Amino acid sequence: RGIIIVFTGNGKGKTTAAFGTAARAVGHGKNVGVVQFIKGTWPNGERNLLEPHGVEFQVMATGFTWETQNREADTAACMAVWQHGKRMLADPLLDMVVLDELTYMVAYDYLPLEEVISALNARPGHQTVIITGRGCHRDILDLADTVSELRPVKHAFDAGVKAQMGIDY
């Protein structure tokens, strides 16, 4: 029996948590797939470590604008990642799927809510989905079985600490 897990809120740790569950699952001989809806500038350590173990990663094409005019381009691209996402949510050998930073995809109308939804509902009874990102659709939140709020009690960057490899990316 898989569940839906959502990691949301402003504190640091959502993507990190999705990964640790993924790691945890990989450490149990489990099969996992990852879709990232956002293109980091930097190299991807989680990827670097897990891809070799058998973890598939589909990332968002580079140059996503976040811009109104460009919403068409910007969308195709989203819709293009969402495919792999569709695929993984239909793969029966996949014990777990990570949908990194979907939230904004739904939130800005880039990825239709219904898509995600249906895709979620129709997934393998035994498959676990972990969704992350700030501001997750109320529908999602409701469909979700587990949900955690990373309350921003404190953050290093506020104290003048630069983002650094290993911690931040």
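Positions refer to the first chain, counted from 1. Between two forms, the rigid core is defined as the largest C-alpha subset superposing within 1.5 Å. Compared with the form deposited in another entry:
- For the listed set 67, 114, 142, 51, the sole C-alpha moving 2 Å or more between the two forms on a rigid core superposition is that of 67.
Now show the form deposited in another entry, given that the preceding structure was the form deposited in one PDB entry.
Below: the lone chain, stripped of partners and molecules.
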């Protein structure tokens, strides 16, 4: 059976765990679909690597909400990208769907919670969903089969190390 996995918490490794699992599925010939919220204005190494293997990526591509500073524009992009999420979540030819940084869309009221719950509950029985992001709604956590919270024991950004291509994005 397909399960729902959540990678949450403030430490590094949520999105990279989701995409390491996608890499794992692609390496066994499974089909993966990907939707990424907020993200898209920076280079994306995981997309560079996986898209040529037939992993469809749909990204919101608006950027940080504290840069865009435009709730309505962000909400419109969230909903448009979500239309891709709902298609994937309805596609029995996909073994796995990644919904990366979905947490914030619910937390900021961009994306109604009920739409997320019913799409997850209507999905094909064999399909696994990986949701990531800080600050995951309790009801998504309750619905999930596996939840790992990445505790931020230490992060190199605190010690003054800049984000670098190939590590941080």
